[PDB]
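Coming up is one lone chain in structure tokens, specifically the form deposited without the named molecule.
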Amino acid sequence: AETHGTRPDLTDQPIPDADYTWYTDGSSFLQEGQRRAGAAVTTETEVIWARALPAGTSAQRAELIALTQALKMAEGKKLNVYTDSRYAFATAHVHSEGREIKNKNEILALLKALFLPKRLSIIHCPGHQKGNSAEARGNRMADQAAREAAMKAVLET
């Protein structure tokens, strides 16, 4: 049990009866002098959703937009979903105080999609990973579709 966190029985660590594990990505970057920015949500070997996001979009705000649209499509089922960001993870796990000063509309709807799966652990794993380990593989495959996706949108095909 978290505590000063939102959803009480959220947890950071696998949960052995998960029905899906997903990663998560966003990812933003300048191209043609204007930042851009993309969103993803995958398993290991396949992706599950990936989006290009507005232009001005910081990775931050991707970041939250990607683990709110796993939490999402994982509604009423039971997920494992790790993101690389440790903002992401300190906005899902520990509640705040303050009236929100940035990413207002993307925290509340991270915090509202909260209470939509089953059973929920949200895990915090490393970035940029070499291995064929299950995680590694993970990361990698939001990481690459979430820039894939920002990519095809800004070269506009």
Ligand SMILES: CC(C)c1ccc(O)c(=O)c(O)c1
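Numbering follows the first chain given and starts at 1. Whichever C-alpha set is largest while still superposing within 1.5 Å between the two forms counts as the rigid core. What changes on going to the form solved in complex with the named molecule:
- The rigid-core alignment places the CA of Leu30 less than 2 Å apart between the two forms.
- Taking the rigid core as fixed, one finds a CA shift for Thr45 smaller than 2 Å between the two forms.
- With the core held fixed, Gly131 shows a CA shift of 2 Å or greater between the two forms.
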Contents of the next structure:
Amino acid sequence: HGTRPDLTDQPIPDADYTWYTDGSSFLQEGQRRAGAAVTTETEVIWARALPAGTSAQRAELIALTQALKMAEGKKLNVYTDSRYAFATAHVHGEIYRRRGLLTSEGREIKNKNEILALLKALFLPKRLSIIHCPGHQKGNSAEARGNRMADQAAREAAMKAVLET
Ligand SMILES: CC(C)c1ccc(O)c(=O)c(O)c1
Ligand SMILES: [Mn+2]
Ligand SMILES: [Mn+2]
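Follow the form deposited without the named molecule with the form solved in complex with the named molecule, if you could.
Time for the whole complex; same chain goes first.
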């Protein structure tokens, strides 16, 4: 009956997990490869290649949803460099849903299944903060390094999937 009331856009001090998520989509070998990743600053929690033709935005969505699922029952601070993802999570998703636009035949909305999955995932974490930071930062700050880590994780996930076959 609605979205998660306690969802916040700022870091919570006591969090169990501080993560970073990134999607990526490029054309490799005359084909669109995508990948998604959830990592800490120093280590990769989860990374996967995604079905061909997957957009960057959708990849972001999937990465985020994954972070949520893995964070179930715990306290999560998750950083995303995607304004699209951040917005969808905080605002657009719940509106689309409550409108009945997500389950309709209308393709005027993109990544409907991802959106639904995410809306469902938002309830898993005990306490949740989805924060947005500009990605690919020149800065040396922990969040910049986190973002770079995630980015590299996703891209590696895709490239690796391509050349293992
Ligand atoms: C091509 C650039 C702008 C691209 C935009 C989408 C981002 O979410 C991705 O992280 C990517 O690394 C940068
Ligand atoms: Mn990104
Ligand atoms: Mn990236």
